[PDB]
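Chain A is already provided as a structure; the job is to place chains B, C, D and E on it using the hints.
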Amino acid sequence: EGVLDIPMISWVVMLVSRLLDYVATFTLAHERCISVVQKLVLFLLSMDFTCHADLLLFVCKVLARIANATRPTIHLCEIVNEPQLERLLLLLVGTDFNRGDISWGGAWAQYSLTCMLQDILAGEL
Amino acid sequence: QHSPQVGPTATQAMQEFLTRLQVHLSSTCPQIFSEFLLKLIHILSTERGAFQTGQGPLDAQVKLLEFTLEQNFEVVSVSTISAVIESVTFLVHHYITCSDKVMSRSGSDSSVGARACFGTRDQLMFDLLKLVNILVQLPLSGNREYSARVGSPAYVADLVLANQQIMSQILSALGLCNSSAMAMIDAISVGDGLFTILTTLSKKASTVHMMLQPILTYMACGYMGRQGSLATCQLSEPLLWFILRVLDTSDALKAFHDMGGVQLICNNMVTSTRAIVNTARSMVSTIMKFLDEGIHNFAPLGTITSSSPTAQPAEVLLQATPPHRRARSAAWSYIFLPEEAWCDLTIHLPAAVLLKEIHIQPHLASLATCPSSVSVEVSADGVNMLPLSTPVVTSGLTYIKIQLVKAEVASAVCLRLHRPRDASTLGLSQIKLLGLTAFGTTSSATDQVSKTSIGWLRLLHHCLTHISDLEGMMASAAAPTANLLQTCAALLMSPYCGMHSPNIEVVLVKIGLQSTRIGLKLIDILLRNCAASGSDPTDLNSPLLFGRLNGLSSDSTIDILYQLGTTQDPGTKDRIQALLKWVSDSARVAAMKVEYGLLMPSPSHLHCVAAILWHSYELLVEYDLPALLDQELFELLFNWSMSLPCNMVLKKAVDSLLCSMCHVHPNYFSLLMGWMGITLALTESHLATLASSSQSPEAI
Amino acid sequence: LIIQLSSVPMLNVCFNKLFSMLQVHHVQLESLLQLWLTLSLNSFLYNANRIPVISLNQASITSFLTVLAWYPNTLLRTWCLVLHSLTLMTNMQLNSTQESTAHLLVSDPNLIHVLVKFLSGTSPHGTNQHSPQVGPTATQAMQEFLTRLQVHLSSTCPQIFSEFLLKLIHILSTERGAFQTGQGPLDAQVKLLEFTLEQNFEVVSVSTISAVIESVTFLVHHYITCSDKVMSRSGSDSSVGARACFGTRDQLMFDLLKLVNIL
Amino acid sequence: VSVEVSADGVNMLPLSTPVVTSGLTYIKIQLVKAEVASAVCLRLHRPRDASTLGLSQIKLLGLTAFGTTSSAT
Amino acid sequence: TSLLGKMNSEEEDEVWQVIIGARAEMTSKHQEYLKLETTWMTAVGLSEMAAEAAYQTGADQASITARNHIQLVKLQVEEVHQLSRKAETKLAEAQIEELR
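In the order they appear, the protein sequences are chains A, B, C, D and E.
Here the numbering used here is used: the first residue of the first sequence is 142, the next is one more, and so on.
Here the numbering used here is used: the first residue of the second sequence is 145, the next is one more, and so on.
Here the numbering used here is used: the first residue of the third sequence is 3, the next is one more, and so on.
Here the numbering used here is used: the first residue of the fourth sequence is 54, the next is one more, and so on.
Here the numbering used here is used: the first residue of the fifth sequence is 6, the next is one more, and so on.
No lab work stands behind these hints, which were simulated from the structure alone.
Any given hint could turn out to be false.
Unchecked claim - Below are the DMTMM-like pairs computed for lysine to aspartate or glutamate, each with C-alpha atoms no more than 25 Å apart in a straight line:
#1 B:550 / A:189
#2 B:725 / A:142
#3 B:550 / B:501
#4 B:737 / A:142
#5 C:119 / B:230
#6 E:91 / E:103
#7 B:595 / C:32
#8 D:112 / B:566
#9 D:81 / B:566
#10 C:119 / B:191
#11 B:550 / B:488
#12 B:665 / A:142
#13 C:260 / C:165
#14 E:79 / E:57
#15 B:545 / A:242
#16 B:595 / A:242
#17 C:260 / B:230
#18 B:245 / C:32
#19 B:347 / B:392
#20 B:595 / A:227
#21 B:665 / A:265
#22 B:245 / A:242
What the hints assert, rightly or not - Computed list of chain C residues with no C-beta within reach of chain D, every gap over 12 Å:
#23 30
#24 46
#25 52
#26 95
#27 97
#28 131
#29 157
#30 176
#31 207
#32 216
#33 223
#34 229
#35 233
#36 236
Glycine included, every Cβ here is placed at the ideal spot set by N, Cα and C.
If we strip away everything but chain A, and leave its shape as in the complex, we get:
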């Protein structure tokens, strides 16, 4: 039970994205940011025809920035479990969502997902 306030979510995400871009020229509590990151990545896997790729781009960017911003960098294992990781990769490569040249969320969404994954992996190493 619950309602997703999508307009509020979009406003807050873009505000947070601008702030995180500006700070990348205090710290972030990892023990608290872990829950935010988990909820964000769960939101990414819960998109459908009622959601748009425009919000997905900023969600991916904010997720990468938060994962790379906490002083102990968040690892991809701490973010998702095996089914969630398999679903996340299936968006990029799976034939359930990608049909011929028709990408899942478009070329921009595919590029954003790849950049998010690469940034999170680079943060760990």
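Coordinates of chains B, C, D and E only, in the frame set by chain A:
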């Protein structure tokens, strides 16, 4: 370097030889010649033949195919026909599926792309399908191993329809085609050929059941006959048109229902809507427009460099203005070393862009310095080149235009130009990189069926509304599918994605009027909870539909509710009760001094309820309508209207409800005067309430 | 302070699940290869010496080679991705005293079919004219892949790699082969021949040598005997004719004859 | 360019497959084996970009049986 | 090239600012020379056209006038550019002799 052709003389000689063979064998036994021709075509079209790998002269093969069409195939065997049909079908499916991702055309080329529909190697493939269309129509008789011809006749269509491989390949190939908007603003392309093949198969099929069986097998499976939770068969505009044309008759629709097609398309629409994500712009792409063909050039903003240290600065190539037409010197020149064959220009862009086309203009004064071939490498991150395809032959071209059928996100491109055939220097005037950005002015430029899930909804609408006689049992079969109503509502309250809103309203109305429970469910999803039923986020395959706020109102939803309420049929009293219950719940919640929509109803919804009550009381009803409007409801509405500012429209909608109730009951109006305090210090609230509530003649 | 596990075990598990899923048409080859290449190079280029972060199982590589073997037709971008992926997997070390990954690749019969398909077929031919070549980038990728294969197998047994290379040449040069029909990318074949001339063939089987010599000799005899009756060369080109003794497909024929002289 | 050579001047016979001459400033077709010719027919393909065909000069180099123009210099 | 480091720091900063300002002013002044190349291009094209047109019409005096016109403008522009490139060649020779 010889041309991969044979010239006109050899082609004409081969055609004359075939003509002589046909002439000498016509008076005795043309069937042997038909066997010979079909065997030759089958051998050429096999897995290692010339047609599949493009080996021999194209003109000779095209001439041979043209000669084959005029033949008879009077009593040609059946195994040969089946082998030819399956080989050609597999070859054409391969050709459609594996089409190249770079489309470079000369300026004089005005042809239509192969994958497009409803309008030189495409001509060879297109001629092959014309042969298959003739082969299908052949009526076989007798023992059914020969297409004998000079109790109902049987056609080769029956044999190929029973073949699952051929039908699956044909359906997939037609599903990979596309033409939606400019279809209506014959056969010109191979997609038109596939459409003609399927139309001929439909016409020549003995019974609709065996024509519909391959279609239903295609729908029931995913990509390449795959099964899965979210797997759905690929759909496209020409395939959709063909399916609609198949179901154009009453008997075909009844057969389609009797094989469970409607439930199949409902489940397919639900799953496909769950799987895909809308690509149309949204709130995020408006917040970014504020807070600041038609495709835009990004070459001027970039920086060009070369891996040859002796190369001249090439920054002159990125300007938007080309030089003089007959300038004695090209804008940029490269001096080729005797052993060097390739020179590379690497354009770097400030940020990643959605590259669509590359334009290279040689030196028009001296085409001898035009590069022989051009190879394009595209990097998303700017450090890892990846060629798009094989080098594009550009000798003798006044203007090189390289088009990507699938736009790539590019941050840097690399054009490796080959040494010209005769000269030793390269002459280029301008280089353009056209594309769009993620956001901003350049983001906007200037088929939806394949991208979106609206294709299934069009099938459902056609099934429900093609014939009014079939409508009831269509609806009865379609209704019990889970999450169908929520999916239809979500598709309705979305940007235009292929089908106009009025058609969706018809589907929602018709499927909701066939029972009381479905009507109540539709009212609930339109008014208070638009989320998918039984949707736990833990399950990654169940539909969610989380992206819409509850209680959103548009003209379509208002029309749907008016149709639900005003219509006269058994159970309409339940719908009226549900509407009044929702109004009462919203009024009770408004006394907060919970579910969204109850926190604030749309004023248009309340006004629609008021109009429903007004026009239901004006007309005759089969139920005690005045008995529904309880006095306590009037108390609630009056209290809500008073404890609310006069300016805002929600109070005016509540006042419209009050006016409708007063119209039904004058004694309610008398109670209103009794409550307000006239039977002073009348505020604007009292004034507005008495103003709007007093419009009926009894109230006056 | 707190110790967090690395993400590489579960990510390796996920990729192995994906690669084993190729044969049943649930995932796309090109997208999967791009994703693996991007995610395996986080510790910036396609350097052939980089060790992949992700590690694939032996069954994953076998399935990848099989799906490549029967794959209907590959675009040039797909072939470049395949070559880069194989180059990286050569550096990859199997873990599930085992045989080298390069040894598994070379001993796999499907690698022969993959290389023959790359060097014989082309991109599917549309109306637009494309050069019968492969470009410098794909040629360099193939050369790097072969160099990595040679480097990894030199320390254990170069004979198997040399026999692999000779079998590849024999299959290309045999009847209805790419060399005989002049079909595949000329530059790629020329560079493959160039890479062959620096090998050793120290412990190669003599039957393979005899077959290669027979095929090359027959091919060259056919090329000399059945030369065209028309010559039309550009002014820049000054290359002597094939039948001209004691003075670019000729470079291919000459390279083959230079190989027979070595054998 | 496709070249057909007739010995008797009535029956043409193409010499080989058409020669690709796109982007060449001078087309020089040399016959490996000299042919006795009395009439030469040239098939010129349509240009890739332009719709018009422009030529400057055509030369048919050869030798005669006897007299002058029968021995190389 | 020749006088860096011999003088004191204040004159070092002075000559550096002189280099910057004089480079800017030289670019501004040399903005006029870019049009000279294009006007000589159009003059050469027009002169070649005049030569061709006078050969076509057959006016011997006009043909000689146009041929000598293109030759004379070529000689004049190539001779001012030849003085410039003689100075440039002298600079390059002084560089290669100063380096070695």
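Q) Which numbered hints are broken by the structure, listed smallest first? A) 17, 21, 28, 34, 35 and 36
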